[PDB]
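S.K.: Below, each chain spelled out in residue letters.
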Amino acid sequence: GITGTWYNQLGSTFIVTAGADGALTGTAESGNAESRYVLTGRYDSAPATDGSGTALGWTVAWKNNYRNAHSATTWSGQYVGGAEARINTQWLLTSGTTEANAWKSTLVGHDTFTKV
Amino acid sequence: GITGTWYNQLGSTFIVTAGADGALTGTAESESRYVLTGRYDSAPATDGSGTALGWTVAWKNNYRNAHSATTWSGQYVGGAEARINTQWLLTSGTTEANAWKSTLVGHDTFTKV
Amino acid sequence: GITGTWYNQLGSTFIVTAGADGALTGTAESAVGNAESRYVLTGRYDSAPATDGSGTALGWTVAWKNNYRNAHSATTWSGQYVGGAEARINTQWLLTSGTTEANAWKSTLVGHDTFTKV
Amino acid sequence: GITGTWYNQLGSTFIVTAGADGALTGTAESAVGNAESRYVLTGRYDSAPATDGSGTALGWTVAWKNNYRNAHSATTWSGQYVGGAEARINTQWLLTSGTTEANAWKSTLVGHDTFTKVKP
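As they're listed, the protein sequences go chains G, E, V and B.
Just so we're aligned: the first sequence equals residues 40 to 69, 72 to 157 in the UniProt record's numbering.
Just so we're aligned: the second sequence equals residues 40 to 69, 75 to 157 in the UniProt record's numbering.
Just so we're on the same page, the UniProt record's numbering is the position in the third sequence counted from 1, plus 39.
Just so we're on the same page, the UniProt record's numbering is the position in the fourth sequence counted from 1, plus 39.
There's no promise every hint is true.
Listed next, the in silico DMTMM-like pairs over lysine to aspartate or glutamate satisfying Cα-Cα at most 20 Å (straight line) [to be verified]:
{"#": "1", "chain 1": "B", "residue 1": "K145", "chain 2": "V", "residue 2": "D91"}
{"#": "2", "chain 1": "G", "residue 1": "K145", "chain 2": "E", "residue 2": "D91"}
{"#": "3", "chain 1": "V", "residue 1": "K156", "chain 2": "B", "residue 2": "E68"}
{"#": "4", "chain 1": "V", "residue 1": "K145", "chain 2": "B", "residue 2": "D91"}
{"#": "5", "chain 1": "B", "residue 1": "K156", "chain 2": "B", "residue 2": "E68"}
{"#": "6", "chain 1": "B", "residue 1": "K158", "chain 2": "B", "residue 2": "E75"}
{"#": "7", "chain 1": "B", "residue 1": "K145", "chain 2": "G", "residue 2": "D152"}
{"#": "8", "chain 1": "B", "residue 1": "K145", "chain 2": "G", "residue 2": "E68"}
{"#": "9", "chain 1": "G", "residue 1": "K145", "chain 2": "B", "residue 2": "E125"}
{"#": "10", "chain 1": "G", "residue 1": "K145", "chain 2": "B", "residue 2": "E75"}
{"#": "11", "chain 1": "G", "residue 1": "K156", "chain 2": "G", "residue 2": "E125"}
{"#": "12", "chain 1": "V", "residue 1": "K145", "chain 2": "B", "residue 2": "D152"}
{"#": "13", "chain 1": "E", "residue 1": "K145", "chain 2": "V", "residue 2": "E68"}
{"#": "14", "chain 1": "E", "residue 1": "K145", "chain 2": "G", "residue 2": "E140"}
{"#": "15", "chain 1": "G", "residue 1": "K145", "chain 2": "E", "residue 2": "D152"}
{"#": "16", "chain 1": "E", "residue 1": "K156", "chain 2": "G", "residue 2": "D152"}
{"#": "17", "chain 1": "V", "residue 1": "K145", "chain 2": "E", "residue 2": "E68"}
{"#": "18", "chain 1": "V", "residue 1": "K156", "chain 2": "V", "residue 2": "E75"}
{"#": "19", "chain 1": "B", "residue 1": "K158", "chain 2": "B", "residue 2": "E125"}
{"#": "20", "chain 1": "B", "residue 1": "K145", "chain 2": "V", "residue 2": "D152"}
{"#": "21", "chain 1": "E", "residue 1": "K156", "chain 2": "E", "residue 2": "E125"}
{"#": "22", "chain 1": "G", "residue 1": "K145", "chain 2": "B", "residue 2": "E68"}
{"#": "23", "chain 1": "E", "residue 1": "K145", "chain 2": "V", "residue 2": "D152"}
{"#": "24", "chain 1": "V", "residue 1": "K145", "chain 2": "E", "residue 2": "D152"}
No lab work stands behind these hints, which were simulated from the structure alone.
Just need the whole structure built from these sequences, with the hints factored in.
M.R.: Structure representation (structure tokens):
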């Protein structure tokens, strides 16, 4: 269920593969190789059967062969296989700063992913 | 720089390998050991900025499973008292109507001790 | 545009008054309107926002104690007001519970709420 | 106990008064960002905290507008007061700036502040 192509609410494209031992691997993009970055993470490979969703998280560092923004985003959330399968997340984006600007280093937000 | 053993505020031990390709792999040890994986900026600036990174632990191994995952977002700061400063989000699997309460937030500081 | 009754995705009802000197005061209550479910809110907002189409920054707090009950916690909402025909307040919130020192690492929840006029 | 002058790790000064009704009122002077002079602070606290050694839940907001400057943003602090020899308030915060819609995704910063009654 988690394996596939997912889209967030602003239209970015996340191609994710879920491995048997809890690994998440894939890529995050915009439609150019210049805008493609590697993602990696983990998920709960044996969730509960009570109806709960499946907890997961992943990271993207915003460095590829073409560009480097000196930043990384982590998404923390859960997959729900409902009428529409979705992944609901909260994220944190941290930019490299000097320690004097460290208090403003980190943004927070939320993203919903769908296969549509 | 990043590769090695790191200790957080509450005596947990993280052993991390920083790959040349930007990969972070390792373990988090608090039966208590779990895989971590993540990414870091493998070509950071040299203007005194720290190096941006993130990683994820899903809290399942061969013995236990808390149906949760934690992601840490932060940066490595090199030097005399090297540290990794982070913020984290812990998400637990909930049902639909408990989802408002699925996510904790906090912060952690890692040192080489 | 902020003064009025706002409803979040949970159905809860927030009655907010925005005063001329950036004060926000009001109540949070259940759909059902009973006294037991009513709590005080206080916060602040940008009383002279940009004219560029930007929204209006604001925040407020609710401690979940009233004369009837006490959950020993507080929620803060940080967000901005977007006006128009589909005025909304977009927020992220932190909820903190009183905890012993041992449990402080798990004292604070985070999430997001969107408020509408309808 | 909560009433007093508090300082965070960055030297900012917060002068808070806890009312018997659960109200928090006061002033903030920040050492960082787009600011100068004092700004109004308002919030709420649990005026009847548990008795089991748990902290006192609280929160407040500052909108960063005064007669001198306006940064079009507001910060909320959420946390708890821990009484004692060295009393302290441990918080997490959210800072939201007014943006347009297309920029809304990068509108909110998140952090943590620790306050003491003794200035660093």
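S.K.: Now tell me if each hint is right for this structure.
M.R.: Results for each hint:
Pair hint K145 (chain B) plus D91 (chain V) holds up; C-alpha atoms about 17 Å apart against a cutoff of 20 Å. Only pairs whose Cα atoms come within 20 Å are accepted, and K145 (chain G) paired with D91 (chain E) is accepted, the gap being roughly 17 Å. Straight-line distance between C-alpha atoms of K156 (chain V) and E68 (chain B) comes to about 35 Å, which puts the hinted pair past the 20 Å bound. Simply put, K145 (chain V) and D91 (chain B) have alpha-carbon atoms about 17 Å apart, close enough for the 20 Å limit, and the pair holds.
The suggested pairing of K156 (chain B) with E68 (chain B) holds, with an alpha-carbon distance near 15 Å, which does not exceed 20 Å. This hinted pair checks out: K158 (chain B) and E75 (chain B) have alpha carbons roughly 19 Å apart, not beyond 20 Å. At most 20 Å may separate the alpha-carbon atoms for a hinted pair to count; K145 (chain B) and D152 (chain G) meet this at roughly 12 Å. Proposed proximity of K145 (chain B) and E68 (chain G) is supported: the alpha carbons are some 18 Å apart, at most 20 Å.
Of the pairs offered as hints, the one joining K145 (chain G) and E125 (chain B) is violated, with about 28 Å between alpha carbons and a cut-off of 20 Å exceeded. Between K145 (chain G) and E75 (chain B), the direct Cα distance comes to roughly 18 Å. Compliance with the 20 Å bound is thereby established for this hinted pair. With a C-alpha separation of about 8 Å, the suggested pairing of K156 (chain G) with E125 (chain G) holds against the 20 Å cut-off. The hinted pair formed by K145 (chain V) and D152 (chain B) meets the criterion: a straight-line CA distance of about 16 Å does not exceed 20 Å.
Among the hinted pairs, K145 (chain E) with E68 (chain V) is consistent with the structure: their alpha-carbon atoms are about 19 Å apart, no more than 20 Å. At most 20 Å may separate the alpha-carbon atoms for a hinted pair to count; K145 (chain E) and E140 (chain G) exceed this at roughly 32 Å. Of the supplied pair hints, the one linking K145 (chain G) and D152 (chain E) holds, its CA atoms being roughly 16 Å apart against a limit of 20 Å. A distance of roughly 34 Å separates the Cα atoms of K156 (chain E) and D152 (chain G); the hinted pair therefore is violated under the 20 Å criterion.
Pair hint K145 (chain V) plus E68 (chain E) holds up; C-alpha atoms about 19 Å apart against a cutoff of 20 Å. Only pairs whose Cα atoms come within 20 Å are accepted, and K156 (chain V) paired with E75 (chain V) is rejected, the gap being roughly 24 Å. Taking the CA atoms of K158 (chain B) and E125 (chain B), the gap is near 12 Å; set against the 20 Å cutoff, the hint holds. Taking the CA atoms of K145 (chain B) and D152 (chain V), the gap is about 16 Å. The hint holds against a cut of 20 Å.
Pair hint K156 (chain E) plus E125 (chain E) holds up; C-alpha atoms about 8 Å apart against a cutoff of 20 Å. Proximity of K145 (chain G) to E68 (chain B) is assessed by CA-CA distance (about 17 Å); at most 20 Å being required, the pair is judged to hold. Pair hint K145 (chain E) plus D152 (chain V) holds up; C-alpha atoms about 12 Å apart against a cutoff of 20 Å. A hinted pair counts as satisfied when its Cα atoms are at most 20 Å apart, and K145 (chain V) with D152 (chain E) qualifies at roughly 12 Å.
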